[PDB]
Amino acid sequence: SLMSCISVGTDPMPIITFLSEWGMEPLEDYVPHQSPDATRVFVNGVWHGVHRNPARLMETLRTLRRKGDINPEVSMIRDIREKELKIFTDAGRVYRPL
Amino acid sequence: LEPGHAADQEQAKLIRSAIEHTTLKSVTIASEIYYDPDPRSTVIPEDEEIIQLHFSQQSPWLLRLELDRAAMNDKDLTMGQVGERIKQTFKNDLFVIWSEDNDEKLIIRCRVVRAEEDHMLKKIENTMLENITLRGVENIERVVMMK
Amino acid sequence: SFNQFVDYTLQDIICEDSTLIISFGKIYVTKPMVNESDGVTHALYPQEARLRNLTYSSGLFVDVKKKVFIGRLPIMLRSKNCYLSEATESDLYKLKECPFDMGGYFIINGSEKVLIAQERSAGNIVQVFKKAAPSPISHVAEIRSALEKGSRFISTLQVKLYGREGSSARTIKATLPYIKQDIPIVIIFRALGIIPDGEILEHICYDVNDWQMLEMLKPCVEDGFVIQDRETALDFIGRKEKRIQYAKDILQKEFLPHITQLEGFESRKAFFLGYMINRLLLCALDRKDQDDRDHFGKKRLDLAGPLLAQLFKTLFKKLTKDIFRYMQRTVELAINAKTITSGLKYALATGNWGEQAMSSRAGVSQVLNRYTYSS
Amino acid sequence: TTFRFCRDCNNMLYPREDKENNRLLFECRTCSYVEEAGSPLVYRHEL
Ligand SMILES: [Zn+2]
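Residue numbers (full-length UniProt numbering), protein chains in the order written: chain A, 540 to 637; chain B, 1120 to 1175, 1187 to 1244, 1254 to 1286; chain C, 50 to 70, 90 to 134, 164 to 336, 345 to 437, 446 to 469, 472 to 490; chain D, 2 to 48.
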């Protein structure tokens, strides 16, 4: 397509820290029932941890890309009906503008 | 169909239901393994009525089965018929009873007959959902009538 | 995608399997040089290397620490490095190189080359599939692990599920790299450290009321009965003293190598394995769909940068292990740069990426369609 | 129908049967811990 471009590839680090400084329970010490509906957190296909109230996390990171602090390319979703958060800093994802 | 009976809208089903391979597995909502040592009373309220009626050695290991009610009229059947079957299937080495097409909950119960039981009953759990027939002949699945 | 290569990537690919019993530090790349017998060296140009069937390449030097030239990089046209990027109308005209041009090509042995975009199943993601009717396995969840920028370890994982719906013993087994058979997920979970079930089930179930899945796991947990500790747990990956190490190793270097191949993270790795066996049973129980493969967001496109990467890598390493060749002769400056350049040329001009060996993808580097601007 | 495991070594539990009292008797096969029926309901299926 005309508008489409390829993802270049960003760094995972200043977003991994940018996240664990917001609610990232390290996958290390998870508590299966204590953290009941734990919306687990991924990155490049990796389980970095878990966070409580997701909606907040989201609206946060959104108007965080919308200023530039995080590369306006790299993308991430919250699968509501699955309580998951996939993060993609990858290189190879086709994308467009909206 | 047959020579004469050609516009026989009922003869149709009369034969649909003589081949349309029905198996136990088609009518079975669930299979539960209960532990009932008393050869004369179920520890279940709903399973009481049918106990004291089939009286009018074994083993304390009970096998209970539910049959979907709609699953008794897309292949028009009867708890009685099925009993007939299972009975003729294992034959003599297991005692079995069944509720009634009446009772709001269609139910079959089955024990054993004469070291490790709840590992044998299981073999004979699949041995029944998949290896036991009701009516119809092998392979024949969906089978429908047309004018 | 080429910018990103030269800028950062080129620095990276010279730092990983670098040093030797001599280190490689910072990196210097030049604007197009053309080096000829009979004359100095010319500030090479598009027009020129085109008409004269040369290579629009340039210089690749690395600070050697005991500064040194090794090969040339076929620079992309209209990039950052290309003399053209900055230029403007009048200059373009004056250079004879066209104004309405858009750029992108390379220029090996003359002609205008282009690289073919490479679609591929986005690495490093969990996926769940059914098998055909006749099959030992009903279901399998897979994950391809591949270090994003190093050794491209494409070691992988089938996480199976024997016994089709009905048959007794819905036993679960999974397959590791360097591993002859398929270990029942019990042994694995125990050699990983997490030893007792009920805890194993905490990694696997996030709701103690899922009597369904719970149920299912049973025959497997019963499979593992015959081993209860993180010693024999690895001993039965022996395929003594030795084998119990062979394993330990294989689990921190060959198992789910993406995430971490480092050390103390058994906690993290096992929890992933957990989420996997979870997903598998999500579908064994028709709760969620068999993963859609033709999902576009689930595929990546290998471009310039990445191609240059695979190549520059499996190429340069062939040099690193030549260094040891000229050195191990030292019973007492021989960095044959011809290989580095004649490689980039080779694969670029032809299309055979995996060196010269026909066992590489012959198709990339289709040579620019110059028929009409649209085309 | 939920089930459980033993204190002590938190491993899975396999049912037994009191031959004299006719009771359900969940037991461990790693140590010795045992216990009684929370319900004669052993295994449910449903399709
Ligand atoms: Zn125990």
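Misleading hints may appear alongside valid ones.
Taking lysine-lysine pairs in the PhoX-like style, the calculated list, with each CA pair at most 20 Å apart, reads [what the hints assert, rightly or not]: (1) C:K358 / C:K246; (2) C:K227 / C:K403; (3) C:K164 / C:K451; (4) A:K625 / C:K393; (5) B:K1144 / B:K1235; (6) C:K99 / C:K164; (7) B:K1262 / C:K315; (8) C:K451 / C:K418; (9) C:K277 / C:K227; (10) C:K345 / B:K1261; (11) C:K134 / C:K99; (12) A:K622 / C:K423; (13) A:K625 / C:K404; (14) C:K99 / A:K625; (15) C:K246 / C:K451; (16) C:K277 / C:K345.
No lab work stands behind these hints, which were simulated from the structure alone.
Hint-by-hint comparison with the structure:
1. C:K358 / C:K246: Holds - the C-alpha atoms of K246 of chain C and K358 of chain C are around 16 Å apart, at most 20 Å.
2. C:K227 / C:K403: holds (19 Å)
3. C:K164 / C:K451: Holds, at about 17 Å.
4. A:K625 / C:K393: Judged against 20 Å, a Cα distance of about 17 Å means the pair holds.
5. B:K1144 / B:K1235: Holds, at about 17 Å.
6. C:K99 / C:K164: Holds. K99 of chain C to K164 of chain C sits at ~16 Å (cutoff 20 Å).
7. B:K1262 / C:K315: This hinted pair holds, its Cα atoms lying about 16 Å apart.
8. C:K451 / C:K418: holds (16 Å)
9. C:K277 / C:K227: Given that 20 Å is the threshold and the Cα spacing comes to 23 Å, the pair is violated.
10. C:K345 / B:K1261: At roughly 39 Å apart (the allowed maximum being 20 Å), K1261 of chain B and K345 of chain C break the hint.
11. C:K134 / C:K99: violated (27 Å)
12. A:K622 / C:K423: violated (47 Å)
13. A:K625 / C:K404: holds (15 Å)
14. C:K99 / A:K625: Answer violated: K99 of chain C to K625 of chain A is near 41 Å, above 20 Å.
15. C:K246 / C:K451: It is violated: about 26 Å lies between the C-alpha atoms, which goes past 20 Å.
16. C:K277 / C:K345: holds (17 Å)
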